[PDB]
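A single chain comes next, written as structure tokens; it is the form deposited in one PDB entry.
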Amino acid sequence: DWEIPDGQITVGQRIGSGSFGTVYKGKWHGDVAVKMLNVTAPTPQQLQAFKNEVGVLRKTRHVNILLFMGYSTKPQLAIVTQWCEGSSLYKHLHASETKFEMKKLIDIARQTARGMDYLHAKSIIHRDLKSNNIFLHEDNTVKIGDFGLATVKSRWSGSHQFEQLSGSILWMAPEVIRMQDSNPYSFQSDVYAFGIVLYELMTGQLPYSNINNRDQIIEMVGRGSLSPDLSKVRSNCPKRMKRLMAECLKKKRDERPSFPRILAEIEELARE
């Protein structure tokens, strides 16, 4: 039982907000983050999606997954997690332009693969892996989460989500950008998104920087005539890492490796 009784959490500064909820810093036996719906009486849909998220988080005990701590239903449906100081990998690579040594870049890839390997072993498909969803706790430890879910983006309704493409387009596998289905999401589309994260780590920049419109990326990635340019990778990038990236980014999902083998390859590369 992880329900936190009403009145125990002290809700603090507002941290993030969108059409589907708000996240605050709070206090409950130390620092916590608290994500709640902006509404008063949830629709059955809103309640059930809340339960889906809690049921995913309740399955996770791993140092590279953000730690779920509890939930509450009075007065608002809220999810409580550990509070992490630091910032997303996206901020580090593309805003502060932190200068990570190659060793630390590989360490970040390795911790990300540990968390993703764990999630897939728990039959959890992430659906929105990207560098903004990889938090560097004290700029050292990877915490995978979905930092847009139920604030800026809605919770999942099948394979639909409001603001689905928002800040996510560059990480979407070809079969996800097309959605010739009712579920394109799989372990293999998580693997593709991880390949794009590897691209960010090894180039320091976002793919398709030269393309001038989103719909262009939509069309050409869904068509198979657009792919990350692996020649823009830094010179100190290990040969193994370029091979691995190319494997994760393959157009047909069944050709991509799985995270057990991804992780073992990165572990080998880290050993050097």
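Positions refer to the first chain, counted from 1. By rigid core we mean the largest C-alpha set that fits within 1.5 Å across both forms. Shifts are known only where both forms have a C-alpha. What changes on going to the form deposited in another entry:
- In a rigid core superposition between these two forms, 166 is the single residue of 73, 166, 141, 82 whose Cα is displaced by 2 Å or more.
- Once both forms are fitted on their core, the CA shift for residue 259 between these two forms remains under 2 Å.
- After superposing the rigid core, the Cα of residue 20 is displaced by 2 Å or more between these two forms.
- After fitting on the rigid core, stretches of 3+ residues whose CA atoms all move by 2 angstroms or more between these two forms lie at 18-20, 38-40, 148-151, 161-167.
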The other form holds:
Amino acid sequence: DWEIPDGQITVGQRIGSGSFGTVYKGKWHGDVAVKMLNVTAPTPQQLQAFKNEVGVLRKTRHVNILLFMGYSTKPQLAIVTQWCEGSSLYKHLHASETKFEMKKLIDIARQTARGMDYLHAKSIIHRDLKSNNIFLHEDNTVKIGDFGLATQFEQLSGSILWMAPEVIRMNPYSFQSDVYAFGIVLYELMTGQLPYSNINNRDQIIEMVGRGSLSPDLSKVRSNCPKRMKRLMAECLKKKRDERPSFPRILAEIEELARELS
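Form deposited in one PDB entry done; form deposited in another entry now:
If you are looking for partners or other molecules, they are not here, because only the chain is given.
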């Protein structure tokens, strides 16, 4: 049983708010993170969403998935996980002067494929893989999770740059849409930028990716990116979702080309 009685967790610094609750740093046999609701009486809908999310996290035991640790129901619904140290992959790639050697970029790709392969073997669809939901714990261990937090206008836009054509169209989410999103993560790692950086108008992106043949410009991958990795990325990015590989092949392929580098 993973319920944590009231009075044990010392809630500390507020990190941000998402669509569920508010994430804090806390103390419980060390450092933890607490995502908790604002209400003392949750609706049946909030309680269902809470049981769903505890339900999926309780099914995961893998070094590359954010470690679930427990939950509270009083005074508020709360999900307790390990505390991740460092920054998301997004901040490293796109919002800092962190320079990664290609060996480390491959290693990050390999660890992300391990976590995704694990989730899919459990028939878990992440639905929003992107470099912002990849945390580089201790600068050495990928942790896949849901790390999106708002620390005037409301954010209305989805993760359009990682959405497969069939998703950006609109059961669109599937294992194959997670694979496509992983392909865009490979693009981030291997080019150092986001796709479609010359197209400011998001409607044009939506229109061209979902209807036409707009796809990331693979000529921007760094010269030292292994050919096998470039080829794998293109497979993950196929428009027809049934031509994309599955994560057992993706993992096997990344582990094998990485060993070629050593």
